[PDB]
Every structure is written in C-alpha cells, then in structure tokens.
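Add chain B to chain A, keeping to what the hints say.
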Amino acid sequence: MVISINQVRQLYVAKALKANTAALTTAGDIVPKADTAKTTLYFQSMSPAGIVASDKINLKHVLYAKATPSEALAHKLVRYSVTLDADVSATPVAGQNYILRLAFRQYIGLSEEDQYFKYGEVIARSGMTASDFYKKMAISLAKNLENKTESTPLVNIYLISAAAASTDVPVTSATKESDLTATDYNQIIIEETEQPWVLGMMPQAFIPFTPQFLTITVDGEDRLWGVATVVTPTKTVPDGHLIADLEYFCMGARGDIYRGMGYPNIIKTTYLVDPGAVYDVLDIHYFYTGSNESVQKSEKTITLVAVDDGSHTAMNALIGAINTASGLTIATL
Amino acid sequence: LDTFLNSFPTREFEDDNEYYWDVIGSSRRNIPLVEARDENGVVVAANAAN
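Chains A and B supply the protein sequences, listed in that same order.
Be aware that the first sequence starts at 1, since it is given in the UniProt record's numbering, and climbs by one per residue.
Be aware that the second sequence starts at 52, since it is given in the UniProt record's numbering, and climbs by one per residue.
The hints are simulated quantities; they were obtained by calculation from the structure and are not laboratory data.
Beta carbons: idealized from backbone N, C-alpha and C, even for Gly.
Please note that the accuracy of each hint is not assured.
[Unchecked claim] In the EDC-like style, the derived pairs of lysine to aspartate or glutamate whose C-alpha atoms are separated by at most 16 Å in a straight line are:
1) A/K235 <-> A/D168
2) A/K38 <-> B/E90
3) A/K38 <-> B/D89
4) A/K56 <-> B/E90
5) A/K33 <-> B/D89
6) A/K176 <-> A/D219
7) A/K33 <-> B/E90
[To be verified] Computed beta-carbon distance windows for the label pairs:
8) B/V95 <-> A/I51: 19 to 25 Å
9) A/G50 <-> B/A87: 40 to 46 Å
10) A/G50 <-> B/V95: 49 to 55 Å
11) A/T21 <-> B/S77: 41 to 47 Å
12) B/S78 <-> A/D256: 39 to 45 Å
13) A/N265 <-> B/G76: 49 to 55 Å
14) A/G290 <-> B/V95: 27 to 33 Å
15) B/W72 <-> A/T21: 42 to 48 Å
16) B/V95 <-> A/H61: 26 to 32 Å
17) A/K297 <-> B/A87: 29 to 35 Å
18) B/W72 <-> A/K297: 51 to 57 Å
19) A/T36 <-> B/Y71: 52 to 58 Å
[Claimed, not checked] Facing chain B, from chain A, some residues (calculated, C-beta under 10 Å):
20) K33
21) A34
22) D35
23) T36
24) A37
25) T39
Okay, chain A solo, but in the shape it has when bound:
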C-alpha cells in the first residue's frame, strides 16, 4: 500500500500502553513521553529488538492531530437488486432474449480504469414466470463470472424469495435448478467481493460494477426490462489488511527499505500488526523549522494504531495519556 508522504510517515503499534519505560517488556508495548514543561513529545516502543524511540515532536510545531474510529477505513460491499420492471412487462415476454450486463470499471487483475463486462443469457418461453427467469438468469451469471478457474468469483449472486425477503440464497457455478425449488423469487442481488490480498505486493482493492440491461422488443419497441436499484450493504471489509500494509510500507522509513529484493541476501523485518484485527488509527502531523536562514519547514507525521474492541478503549486511553503528557486536546473516539 505505497502511499504519498509529506516527506515522511512513521508507524508504531500500540499493542499495549505502559506507564513507564521500565514496563516495556513485550514487543508493541508503548509509552508516550513528554517533559514537564511540555516542550517535546516522543514515544518509547518495544520492538522485537529492544525499545526504540520515535522522533521528538516540538509541541509548538504540531500542525494537526486527529484519531480515527476504524469504521471510517472499512469498505462496505456494494450490492444491487435486479428486477424486471412492470412497465415494460411484469413477466417475461416469450421469444425475447434477455441479456444482462455487468459493467466493471477495472479488470480482475488490473487497477487501470477500463470497461469490462460479464453477461447473462436467458431466452423466455410461453410459460416462464418471473421466478424461473431470475433463477435461470442467476445460474447463467454464475457460470459466466464464476469461471474464475483459479481463485474466486468477481461478484456473488444470490436470490431472495418473497417468503424470506431477507435470506440471500447463494448461487454458484455448480448450482442447478434442481437445487432451487422455490416459486416466489422476486429479485437478484449482486454483491462486491473481497479480492486477494498480499502483505506488500497486492493492495486491498475492489472493482465496482453496474447491472446494465440490453434491449428487447415488447410491442415492436426496443426497451429495457431491468431495475438495478442499490439496496443497502450488509457486509463489510475491515482495515486489518489495509493497516498491515501501512506498517509494511512505513517500517521502511526507519528500517530496511529492501524487503525481499536480494532474496538470499536480505534483512527480514518482524511486523506487529495482526491482519485479521481491526485497528483505530491516530496521527500527529508536525514539522521542523530550523535556524537563521533555514526557515524551510520539514513536515512530518507519526501515526499510531491500536485494536478496536467496539468501544475505542485502547486508543482512548492512549490519547488520554498523550493529552496528560503533552497537554494537547486531542478528541476521543
């Protein structure tokens, strides 16, 4: 997760808050340290190799200092609801080929902005009702997008029966109409998916989409049958993978910048962020001004992560300590 820096960013993990430098025993233990006059602030953190101290912050040169709740960094998974509009026809018209399109803004493995489609075919006959249409359209979509052949779909397909109205019925490339035995299917939902993530190689990223409907002839008029409305998300993607990458990149500012390049001849860094946990972040932007003739500012920032347990307890205590030490007025989560 290579990022843009105001000349530097440093990350220290607040795995545990201790009162004194003597209590720093485990890796991740941290203590905010400031003098009694409150001229400078620094952090003493226990690395796997002894305690390390952060840069010293001249508390007159602090540009801003705010903390996040770990809900701001979460990515809701977008999901639409597809439905055939009662205006054109509340039920499929025989003989017409219904072709649904999923307009993706990137390819599966690339991040450049492009137009990328996936399709779903259904040909309607004299007796086919709405339920059977959604069924066959869903299975077509699955067999066409869940042709991954290595890893996982690009979007997930479900069906909702009018009886449930809330129970998403999954559909996969293996599903077949024999498995789907309901008769009150009323829509199709299409959620985004969590794509593969690698620590310092593949950044967390999503591929949005839009369900587009091609034209059918109903009364000699080419018309659009579908309704791609956006129902509210129900699933989320936390920041653990996002934060872990922040550490992986910001540990090359005080540690080894190479990371596997000369693979046999490397230095391997131990990372304390647990991808799988949810961290609430804190950040302090400051600068160094200098002496006569040296007024140019060297702006910097020190950010700190801490696991959230619902209530942002860990970070709330950490900032309470920092406000008690440096006298700042950082706000709690």
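Okay, now just chain B, sitting in the frame of chain A:
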C-alpha cells in the same frame, strides 16, 4: 660562572626598551562538562541511575 655565561650567546639591541615576542601554541581541544540534566531539567547526581 664566567665560563657558564660565556657559553650562552649574546644579542645586541639598540635601546633599553621593553621588547616582546609572539608565542605560538596548540589547537586540539576537548571541553569539560559543568553538569547534565534529565528531560525535566533536574541535575544528575553521582549515585543516580542511567
């Protein structure tokens, strides 16, 4: 004593006025320490800790 003083050379001046000569010395220094203090400005005693 005459043979003693007759060993050292003699140098003639023009008057009996105080004369002076410039002295060239050394450069390489190191500075002492008056004291040291912690981050809060308290002085470090000899029985104090690191």
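These are the hints, each one checked on the structure:
1. Only pairs whose Cα atoms come within 16 Å are accepted, and A/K235 paired with A/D168 is accepted, the gap being roughly 12 Å.
2. With a C-alpha separation of about 10 Å, the suggested pairing of A/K38 with B/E90 holds against the 16 Å cut-off.
3. For the given pair, A/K38 sits about 14 Å from B/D89 by alpha-carbon distance, which is consistent with the 16 Å threshold.
4. This hinted pair checks out: A/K56 and B/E90 have alpha carbons roughly 12 Å apart, not beyond 16 Å.
5. For the hint pairing A/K33 with B/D89, the CA-to-CA distance comes to about 13 Å; that is within 16 Å, so the pair holds.
6. About 33 Å separates the Cα atoms of A/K176 and A/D219, which puts this hinted pair outside 16 Å; it is violated.
7. The suggested pairing of A/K33 with B/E90 holds, with an alpha-carbon distance near 10 Å, which does not exceed 16 Å.
8. Remark: the range hint 19 to 25 Å for B/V95 to A/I51 is upheld by a beta-carbon distance near 21 Å.
9. Judged by the Cβ atoms, the range 40 to 46 Å given for A/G50 and B/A87 is violated: they are separated by roughly 23 Å.
10. Range check, A/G50 to B/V95: about 23 Å between beta-carbon atoms, so the 49 to 55 Å window is missed.
11. Look at A/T21 against B/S77: about 43 Å separates their beta carbons, and that is inside 41 to 47 Å.
12. The hinted window of 39 to 45 Å between B/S78 and A/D256 holds, with their beta carbons roughly 41 Å apart.
13. At roughly 52 Å, the beta-carbon separation of A/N265 and B/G76 lies within the given 49 to 55 Å, and the hint holds.
14. For A/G290 and B/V95, the hinted distance range of 27 to 33 Å is satisfied, since their beta carbons lie about 29 Å from each other.
15. At about 59 Å, the beta-carbon gap between B/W72 and A/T21 misses the expected band of 42 to 48 Å.
16. In this structure the supplied range 26 to 32 Å holds for B/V95 paired with A/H61, their Cβ-Cβ distance being about 28 Å.
17. Restraint check, A/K297 to B/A87: a C-beta distance of roughly 31 Å satisfies the suggested window 29 to 35 Å.
18. Distance hint check for B/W72 and A/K297: the Cβ-Cβ separation is about 55 Å, which falls inside the suggested range of 51 to 57 Å.
19. Between A/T36 and B/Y71 the beta carbons are some 55 Å apart, a value that agrees with the proposed interval 52 to 58 Å.
20. At about 8 Å, the closest approach between the beta carbon of A/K33 and any beta carbon in chain B falls short of 10 Å, and the interface hint on this residue holds.
21. Proximity of A/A34 to chain B holds as hinted, the smallest CB-CB distance being about 8 Å (cut-off 10 Å).
22. Taken as an interface hint, A/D35 checks out: its beta carbon lies about 5 Å from the nearest beta carbon of chain B, inside 10 Å.
23. Evaluation of the A/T36 hint against chain B yields a held restraint, the C-beta minimum of about 5 Å falling below 10 Å.
24. Interface hint status for A/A37: upheld, as the beta-carbon distance to the closest one in chain B is roughly 8 Å, under 10 Å.
25. Taking 10 Å as the C-beta cut-off, the interface hint given for A/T39 holds, the closest approach to chain B being about 9 Å.
Going down the numbered hints, you'll see the structure goes against 6, 9, 10 and 15, while the others check out.
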